[PDB]
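As structure tokens, one chain now follows by itself in the form deposited without this ligand.
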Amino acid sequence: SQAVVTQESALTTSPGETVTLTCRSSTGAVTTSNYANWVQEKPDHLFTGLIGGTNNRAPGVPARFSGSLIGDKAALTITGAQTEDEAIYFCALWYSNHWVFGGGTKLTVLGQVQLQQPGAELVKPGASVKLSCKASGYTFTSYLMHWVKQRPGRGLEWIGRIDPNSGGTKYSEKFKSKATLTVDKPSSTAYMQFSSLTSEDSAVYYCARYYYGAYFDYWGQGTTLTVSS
């Protein structure tokens, strides 16, 4: 009975306005123990972490983004929206040992660290695949590495994370019997393996780093997995 996290499907603003987006938990009030995070998806499937820990803004994010709790929901406020803020915003809530993403809000505005993932994998139905995510420009073992699935009109789905320092894993209920997460420390690379693939697995798979109590700041560009004969 995984929690369901709900966001507004779509909101419209205009440049210079202030707008707030919310994130609701099916279990009850969102609290600071849910460590709410907000992530932005810009066109070309480019993800950036904006806020974590309810209200901690990630370095380099414009100051017009802020997080809070309002009405027993997590809330992202954009103060003075800019045209380039037109994007899909996803929240994520922590439930003791897993993250759950909301469905995302499409915001219309009317008017160096790298995670390196291969662009694509074309595989046959029934086959296996091993996806890779190479960390560069930071200390691989100091951040958890998360993996996230995106299918169109299906929002983000948390798969799980690995602690590269220890190899320890945590998975979502949906992926606890599907994904196998490993790391190779000398090459600073995280891996995710699947077998018995089907068209239900066709999606973009992202890796994203996370530091305890902080935020999903940096994301890979995603590997498009296409399961097709």
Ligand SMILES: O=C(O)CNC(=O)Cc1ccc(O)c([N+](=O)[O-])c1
Second form
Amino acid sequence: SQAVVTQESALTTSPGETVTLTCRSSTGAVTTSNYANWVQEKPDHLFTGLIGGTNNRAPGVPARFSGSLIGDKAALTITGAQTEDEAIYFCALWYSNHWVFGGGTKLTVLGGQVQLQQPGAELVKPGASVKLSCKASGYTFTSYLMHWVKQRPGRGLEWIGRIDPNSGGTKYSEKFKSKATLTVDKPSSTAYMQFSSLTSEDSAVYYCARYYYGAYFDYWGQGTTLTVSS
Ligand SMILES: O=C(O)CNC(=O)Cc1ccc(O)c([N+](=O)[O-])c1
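Instead of the form deposited without this ligand shown above, give the structure for the form deposited with this ligand bound, please.
Zooming out: every chain and molecule, the one shown earlier first.
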């Protein structure tokens, strides 16, 4: 059975304070081999990778964000919170051949180029199939793994799997191992995810995100909203 990754459900801070968020593994201590990543969700479904590899901050992220290990947990510290830091923060831990996302922490702050291009939506019938696309622009598609993530209300982020665009090699989560089909087309720098026999259980926003070994989920697509409805 897959590990459960636990985050505080909600924390409150105020402008100028230092605040720390944590990410616990059900299997034992979080270590550097879990390559802890931190991703920020801002309104309008805007995701940005902040930290990966435990403590490696992504380019362009404000320096007040830092990652460490504390108390057998991964920890994100915001040193001097700003009003715009009010957001949901997800961690992700690597377990040898899959990522697991934590449930997210809603941070309230009281008092306040590279593109991954995804179509906005798919409206499909129950029982139908769909092929979701994610076109990479502004970087070398074959140099990064392409990950896919599902977001449903009350269910956080859920890692589906990833593809190596150089080989088409895939790794899936247990939940998606017999469900998602990932492919790429190299000449058009596009990644695809196919599903069949869809139901309302599949209605969600699906994101692609790039990753480089030891680094971070820096850039995310805007998400395709899949609505499975008669
Ligand atoms: O091996 C290194 O140098 C650093 N390791 C990592 O970054 C973790 C890792 C390994 C393999 C893999 O397929 C993915 N992935 O994201 O799917 C992530």
